[PDB]
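As structure tokens, one chain now follows by itself in the form deposited in one PDB entry.
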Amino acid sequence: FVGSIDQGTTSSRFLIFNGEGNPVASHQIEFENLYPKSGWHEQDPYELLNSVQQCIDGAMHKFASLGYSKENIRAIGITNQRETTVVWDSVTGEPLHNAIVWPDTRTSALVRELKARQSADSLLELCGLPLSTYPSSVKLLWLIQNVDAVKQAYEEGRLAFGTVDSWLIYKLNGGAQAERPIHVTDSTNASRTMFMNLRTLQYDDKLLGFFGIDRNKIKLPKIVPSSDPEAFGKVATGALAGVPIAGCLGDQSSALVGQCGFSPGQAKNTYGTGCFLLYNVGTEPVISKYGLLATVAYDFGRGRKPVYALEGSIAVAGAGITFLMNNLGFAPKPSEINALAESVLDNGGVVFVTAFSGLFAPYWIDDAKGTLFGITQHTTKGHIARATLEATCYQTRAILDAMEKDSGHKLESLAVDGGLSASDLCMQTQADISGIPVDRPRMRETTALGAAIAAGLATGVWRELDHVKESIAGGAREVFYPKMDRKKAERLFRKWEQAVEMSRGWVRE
């Protein structure tokens, strides 16, 4: 009845859902990347554009294998990797260069000079973001500045910029060769560029004046809401041709919607090499005083007000496990690392400050390295494994507490997906440390369900939010509850904060 496009960094895919949130079709084909110098990442635009409509042609032929068709489906939404900068010609509808994916770090030079300018300190309170290498403001500028090929398209009047969501929507309505050429972005992606006032949801002339981008010389994408039938046009050519595009959400905002994290204080944590945390702060935007990112969680328009969020990341969660295995020869497999941590009753007094490349929000300690405290002849691999897992939960709490202070709303729930969210012990400890229930849903493609939720509300599939989350019932092991005395959990977190402070100042030059 509804469906979803989930294009990202490694791959595309196209799932199609029902009124209960159950995915009844999928098709996913990968694609590879370049590293043409340390810190450089690129991607020919058409590759993933073609990648995605390759997915829909197979995904939707399987779809009809049980007698369903487009006429049975109302609209489709889009969720996409963020911060990726694309550039093309007003005239052609064709790339005037290749793309700069978010991992790229060629802008470091540019960022360090931008950070010097006097009015660089006024940006954060307006776009909600720190000057960095990920934002699209600097990827685009670097090209206007450095690139030999298409500085003139800026100068001549024929250049158009877009995030991935816009490029897809562009050609999927018929490129420049269509009745109504659709060149737009949703709020959750434009919050990433550093061109948008977070309070206005509209391009700010002060932020463009900082980077020197003249709107008369460049064609930017019209910012629209994440749920709208008219504004995303329709699908140009394919099995879904003529079906309305009605959804668009950035990568990690869409996941929150799929988990139905619609209330202030609701957070989610995605584990991996590290963590990525997202915190729903409500209808009023919040600028972090702790180095966290402020973004748009979702903008369903339709009369309702936009909901914002705070963003936080941790460099080391799963890397801590790999370290104990490959670097220390504890075990040759991650499961056995949990077994070594369920080995022992407690951390034995051990604390592992996993600051391999320093520490980040909320601490911001650049002169620390990995530091292991509390070792005795009684310490064993179990204790160190247990502490390594605890390091992840302490840094999670530290950020969540920071978003509590930033936002003025206390934490109410946390949902978690990712390799180390599989550790029952790790997830139980988070509930003990955070004093709040830790949710772990079986459903996997949350990040694509959000784009479909948005398209559905635009089209009457779901009446409201309170309705979206009643429909999902259709689709220890799912929820972990605080079992430790609140006093013992404060004691653990205090030894950890103590260890962090005593880690400061290791690297002297």
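Under this definition, the rigid core comprises the largest set of C-alpha atoms superposing within 1.5 Å between the forms. Positions refer to the first chain, counted from 1. What changes on going to the form deposited in another entry:
- Put simply, after the core is superposed between the two forms, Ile321 is the one residue in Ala297, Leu172, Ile245, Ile321 with a Cα shift of at least 2 angstroms.
- The Cα position of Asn189 differs by less than 2 Å between the two forms after fitting on the rigid core.
- After superposition on the rigid core, displacement of the C-alpha of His383 between the two forms amounts to 2 Å or more.
- The two forms, fitted on the rigid core, differ between the two forms by less than 2 Å at the CA of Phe210.
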Given for the second form:
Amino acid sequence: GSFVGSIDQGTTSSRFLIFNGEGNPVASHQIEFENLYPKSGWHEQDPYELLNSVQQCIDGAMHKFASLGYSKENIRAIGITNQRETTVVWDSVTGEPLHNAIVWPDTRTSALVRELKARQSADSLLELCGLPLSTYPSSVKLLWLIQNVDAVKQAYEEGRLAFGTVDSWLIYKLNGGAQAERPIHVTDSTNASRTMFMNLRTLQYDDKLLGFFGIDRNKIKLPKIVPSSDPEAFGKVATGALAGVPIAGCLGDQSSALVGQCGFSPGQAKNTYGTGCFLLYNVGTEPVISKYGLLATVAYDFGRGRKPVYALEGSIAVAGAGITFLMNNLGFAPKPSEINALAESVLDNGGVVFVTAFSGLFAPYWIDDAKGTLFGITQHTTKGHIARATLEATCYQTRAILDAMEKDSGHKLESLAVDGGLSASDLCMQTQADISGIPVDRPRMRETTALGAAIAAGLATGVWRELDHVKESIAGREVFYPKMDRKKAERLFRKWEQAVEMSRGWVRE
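Would you generate the structure of this protein in the form deposited in another entry, following the form deposited in one PDB entry above?
Keep in mind that what follows is only the chain, not its partners or any molecules around it.
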């Protein structure tokens, strides 16, 4: 086959895309599924809601694939990319879930996180797995379920509990789950580096990480850790429109976006804009443990005599959310297109600085007692100035994270690719280039995340032979270049840093 498919299983969305050898999607289908919020801070999904949405997107895309004269014979393989950390538990014997998936934003584990941080050896986990303790990793979600949901506890104690991130669950069921010969219970190194069970350097489950959380290896069934690109580890789709088509790629969704942007060299970074931001920074074959609260994770692992590549990761809470705040909360304008117009309406920020720390500031500032704080207001401040400061806020924090990634890794920032929500704003992307002093590359093929999984599967099956082949095949309103004098750029950043400094201490108990 000449085409490659890509399952993109998201937090709010599932979709299937079929790419050609030049990385362009020829057929696609997207479905918004149900998310469940039982309590405040609780976030759950029916595991079958994830699967069935994927399956319908597969069917939907292949009907339009048929309308252009192709069949599953034309697809050489498919890759999977998925929301990370989201924790799924099922019965190893039946393959049926024992509880709804706990989605990555779920906060029901705070108390447990507090307890675990006080435990002995909690100091050592960052160095082992790349991540600190928080509500996010799958380790604490799974531990919570074992201690609070009893169908899970007894499954565990009886040796029939299976754990999986959403990739593992989808691969397991798409291969036929329990009912099938050679059942596939696997996860790729990227997804696996998000749990806190995997030694980041060896890419193997570590007994000291598993021991810290109290999960017994020979009682629970963990997914075998395999490369993100492999022609046989992931099995094949058992039934349906893709019956018999191999799965050959598997990547956590943020890693997939880095791959889709061809960020294959150290110093190459990406930012995905949504309600917030996820930033990843290729740091090469050698892992880096951050000194500024960045996450150390696997960028991609392509097996074939390939040394796995690592990344540093940072996040921003308020990006697109800031635009939503200007539209709905303040009534500046009803659509984001017009917020950008307001920002372009004025020459500069009018001295305005908006520290958008709605829920505090994360890496590298780590300021939890700040709230949204707007500086520089006068009688002559207008909506346009505030709109600019809102866009500038994300670029300032983006630079702050990229700068921290530079000092941690010692690899000079070489490029920044962007995709999703705010990346469409020409003004803010230009501002990012100006502030950071680096070109901002924005592809007009907008399905970068899905493209990453296609590349992984395509490499496993020879659609592309090397990453150099990938970049030039994919290569064949796209790049913003620094145009601001660097003195003005440093001035603007220093008053950002200052606004931040004055924002700390606002929330007193």
